[PDB]
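Below is one structure, written out as structure tokens; the observations come after it.
Heads up, one of the protein chains got dropped from this complex, but the rest are sitting where they should.
The first chain written gets the first letter, and so on, giving A, B and C; residue counts start at 1 in each chain.
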Amino acid sequence: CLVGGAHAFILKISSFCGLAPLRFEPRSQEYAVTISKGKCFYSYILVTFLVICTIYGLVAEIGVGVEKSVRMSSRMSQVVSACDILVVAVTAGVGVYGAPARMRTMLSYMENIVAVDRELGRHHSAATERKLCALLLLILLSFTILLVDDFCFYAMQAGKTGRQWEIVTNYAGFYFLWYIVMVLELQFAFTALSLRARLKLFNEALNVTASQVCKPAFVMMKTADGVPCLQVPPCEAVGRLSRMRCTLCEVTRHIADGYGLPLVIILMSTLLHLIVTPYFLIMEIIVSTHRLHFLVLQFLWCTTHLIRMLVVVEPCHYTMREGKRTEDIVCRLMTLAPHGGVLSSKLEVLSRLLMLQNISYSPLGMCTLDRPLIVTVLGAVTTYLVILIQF
Amino acid sequence: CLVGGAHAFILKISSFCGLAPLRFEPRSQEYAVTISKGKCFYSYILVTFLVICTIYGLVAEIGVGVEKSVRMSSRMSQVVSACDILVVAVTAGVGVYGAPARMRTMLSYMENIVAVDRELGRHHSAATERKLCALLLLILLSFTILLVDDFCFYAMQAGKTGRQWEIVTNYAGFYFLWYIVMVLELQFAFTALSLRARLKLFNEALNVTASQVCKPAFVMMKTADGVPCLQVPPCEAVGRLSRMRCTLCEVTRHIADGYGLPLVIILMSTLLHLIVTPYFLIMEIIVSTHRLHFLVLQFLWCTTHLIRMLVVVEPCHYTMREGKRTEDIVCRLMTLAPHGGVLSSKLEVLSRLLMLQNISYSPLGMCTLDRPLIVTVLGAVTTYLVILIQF
Amino acid sequence: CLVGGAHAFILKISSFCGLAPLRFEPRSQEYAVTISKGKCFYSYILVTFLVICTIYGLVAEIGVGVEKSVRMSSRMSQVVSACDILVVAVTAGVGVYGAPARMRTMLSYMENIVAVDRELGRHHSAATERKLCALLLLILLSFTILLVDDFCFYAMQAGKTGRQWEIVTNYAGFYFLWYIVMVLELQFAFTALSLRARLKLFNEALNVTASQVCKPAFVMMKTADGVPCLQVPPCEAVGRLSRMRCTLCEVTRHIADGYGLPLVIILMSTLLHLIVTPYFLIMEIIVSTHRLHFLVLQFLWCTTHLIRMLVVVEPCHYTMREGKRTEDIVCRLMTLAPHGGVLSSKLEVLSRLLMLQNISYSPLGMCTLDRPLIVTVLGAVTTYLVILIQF
Partner (left out) sequence: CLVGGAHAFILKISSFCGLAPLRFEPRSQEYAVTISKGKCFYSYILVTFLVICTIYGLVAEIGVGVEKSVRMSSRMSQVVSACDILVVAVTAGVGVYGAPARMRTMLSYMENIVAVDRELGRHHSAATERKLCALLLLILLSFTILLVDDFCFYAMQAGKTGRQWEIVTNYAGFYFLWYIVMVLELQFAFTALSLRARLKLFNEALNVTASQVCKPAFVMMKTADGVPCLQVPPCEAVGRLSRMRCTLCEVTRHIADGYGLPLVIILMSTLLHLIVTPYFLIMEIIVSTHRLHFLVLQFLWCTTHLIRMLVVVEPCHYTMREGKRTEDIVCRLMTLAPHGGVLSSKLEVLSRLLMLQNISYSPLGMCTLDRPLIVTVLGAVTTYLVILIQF
């Protein structure tokens, strides 16, 4: 098995988190990849250690009570902080303990994607992977910088009373589990975008099928000018592309299964944090609005909990749009195809595939990842805030 | 008519409840079954007796007022307890009074399922039925143990003032109606899972149809190694399987009709209890949090009201997934099938059946049983609790 | 044009309300029907008179203020009573002013339904029309009896202080507008059920098509035993039935257009009244619970506002179920039909009609009339009541 681009890059990053217990073997543009049981062992230790340190750190700060426990200014603030920590520990737990089975799934289906790549002539655009690798760095580095500021702030807030080393021992684990949760979200997105790039490329082979029938080996090649061009009759190409369309839908279901449970806990904790964080921001902007550094951080957290949702639902939406574009192309193409020909009989099949096999991500069946899920989540958030804030 | 496995086992359990007024006649791996009017008569008496005892027990505890009526610490607590008892008495009532007509329906369609079993070569996996029979015992015995603890607790709470025998006379009926409601939920689930096992087995016959056309009597048999293998040409098999697909969809509609009204009252009472039970738990964890045994029981009830919902919606979701798997297989299979052949003409039919006949449970048309119903119910529960608790 | 049964009976009742400005000419089992401009003129006067009397009666009771205005015990109670009266006056207004155009539509499509009746051999079951005519009498007479009790109660409540004749002059108009709104709801239901009976009868002709192909003039006749039997080859019958299926879907869209705007205002006022009526019931059962006659009436109103919703959504749901039954029959029938025959080519067409033309009522596009609309309405009602009642 081989992997490249920003998907291969996030797997390197995820390996240290224990989210991708893989060995990597550098080729020209790709790495060869296999499971490593030693990294699974390391990965299981790391997250278990961090969860123990996080729970006992939580117990310690509850034991300090509500006066000095900066995250826990009240009995109810203790419960909120415990649930916040709990959902992150559960999300990072499911993320890391599930990772070996998820990589076994990835290496299983990637052998079929390689066959699709050959038919499409897939080659990794350096400019495009640089865009997506820069986006990994942008999102992940920005979040890492936020975690450091949040930790430094609360440590200095306690450092004003000499208690910073205890705060470090009690919360350092929680910030590492935060990093693991974002890397898991980025690992999905750039896995899903890596498939969306192949639907997008499959649709271009189907357009050039239409242009050849409109305006008359592996399926598609570059010309001497590098433009896409078709090496086989459209009758054969549509049959070959119909098989590839089935394969891409199967890969979608493996991705949605492997990340399905993580994504549900990520969605609930997003919803939780988008209620909890604006609430205490609003309470603190009405009362003691002089704590400007706190208010800045809590705003940047509200922003981050929205981005973390978009990182999940947007890669899926962009995959839906490529499916809709296929239906548009096939409709056009089958009005062009002549009556009673072989090509139109191949397009009768493909159009049934479009009606039968949709491409979608529905984690555990609870919901469909698409932009209407944003409207659903934000409508709930504002409903609860209007209830909670108004009194 | 004959029935086996965990479905036949839950029918034995349900017979004593009067939910399955059947005689049973043991064969090698199955029971022969027919309606017994005497068990219908017994069943109608039993539930009518228990409902009378429950209503008059409710009247008695309202008559004791709010001081000593342990379930009724206030005027509003009286109304809550009356509605709790009322929905259980209605659910057990519809369950037991409807049971003879429901068994007549079961024995009507099971004669067709036997024909599907012959074509598929269905035989009951001892290991699989042991799994599902152990799951019946696990869920039902755990609930029975909870009912005993709840009853013993409140009787001892009253026994501290000598009034336990009156509590026994006033609530024993209600705990038996609770048991009847769970057995009805388990009777559905293991009826639905018994069908899902046959869709799952029908899909495997359709995969081996694809492998024979990919890599070239009743439809399917075991090899000498026990692997599935096809005794007829794929052209005949797909036609035979299309007929069986229609039969399974028809059986789904009989199950959804027979249990439809029970399931709606089960869903409302789940929603009611998931509001009422966490509310009084939260009031009692803020005030008088020393009543640790009460808080433990009320938590185990909240857990149970979630499980009772999953027992209903999960068997249906797992049945949807087998239908989606059929669409995936048929798409694959009809790209493999050659142009203009008989097989592809048989697959044109089957693909129309998939678009026309879905397999789903929609009780009384109110809703579809699937995991999105969990999100809908839990979002309402938390909306009401946020309203009720916040003031 | 001719019409019979409970549909023809409700048109007689509706004529006096001005909801069906028709002449009627009695035949053996049917009436001949044509528009009468004189009844349109009468109808426009009647509702305009009743609306004037109702508005000026409302103005009078607002002018008496909140002390003696029994419907208006507070400033807010004035606003509630005004909106209650307003939505009924608007619903009866749209009902009666729209009625001539609606009857022109009815007489337009009923000429095509007569053609469907000939093909199906439709004859009116005396026992069935007696059921539906008894249901008209049951629902309408029960409501009329409730209106009289409500009016007599409030007149006697004012009659205890001699003011009953003013109450009569100020509210008699409103009770007649209430009667007009129910007759409009019954006029829809028994129009929709009159179509559902023809889908139900069309599906039976399609089953006997299957039995003739399974077990081998106008389309269908009774045997000498009165059992349905087919007078033409199944190849012709399926073609003839496909045309009739199109005609029934067209009639559905005329009904949904003609009653669409009434039904939306009926749904909002149902939602309004299911909030307003339980609220003031709950306030009056907590405080001054001795007003037993008031509490009884307000409960019977809550019951009536639910029934008025079911009268609207249930006839539509039962029409959906007959469409689903067609899809089940066509799937079965086209697995039975032989490969490459004419019959299977006719069933390819019909199955496309089922996928393209659904049968549904969606008033003004706002919603679909089906039992999920009950869950939507009742969830809102309980959301508002939980907000309003809890403080």
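Methods note: a residue touches a chain if its C-beta (ideal position, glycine included) is under 8 Å from a C-beta of that chain, and two chains touch if they have at least 3 such contacts.
J.: Which of the displayed chains are touched by the chain that has been omitted?
T.: Taken over the complete structure, the missing chain's partners among displayed chains are A, C.
J.: Could you tell me which of C:125, C:303 or C:345 touches the chain that is not displayed?
T.: Only one of C:125, C:303 or C:345 touches the chain omitted from view, namely C:345.
J.: Which of A:77, A:112, A:157 or A:351 sits in contact with the chain that's absent?
T.: A:351
J.: Need a quick check: the contact residues on chain A for the chain that isn't drawn.
T.: Residues 317, 320-321, 327-328, 330-332, 334-335, 339-340, 344, 348, 351, 354-355, 370-372, 374-375, 379, 383, 386-387, 390-391 of chain A touch the chain that is not shown.
J.: Residues of chain C in contact with the chain that isn't shown?
T.: 239, 242-243, 246, 249-250, 253, 342, 345-346, 349, 352-353, 355-357, 364-367, 380, 383-384, 387-388, 391
As a working rule, only the chains that are shown with their structure count from here on.
J.: On a C-alpha centroid basis, what's the spacing between chain A and chain C, in Å?
T.: 50
J.: Could you please state the distance in Å, as a whole number, between where the Cα atoms of chain B are centred and where those of chain C are centred?
T.: Here the centre of chain C sits 35 Å away from the centre of chain B.
J.: Among the residues of chain A, which are close enough to touch at least two other chains?
T.: Where chain A is concerned, no single residue meets two or more other chains.
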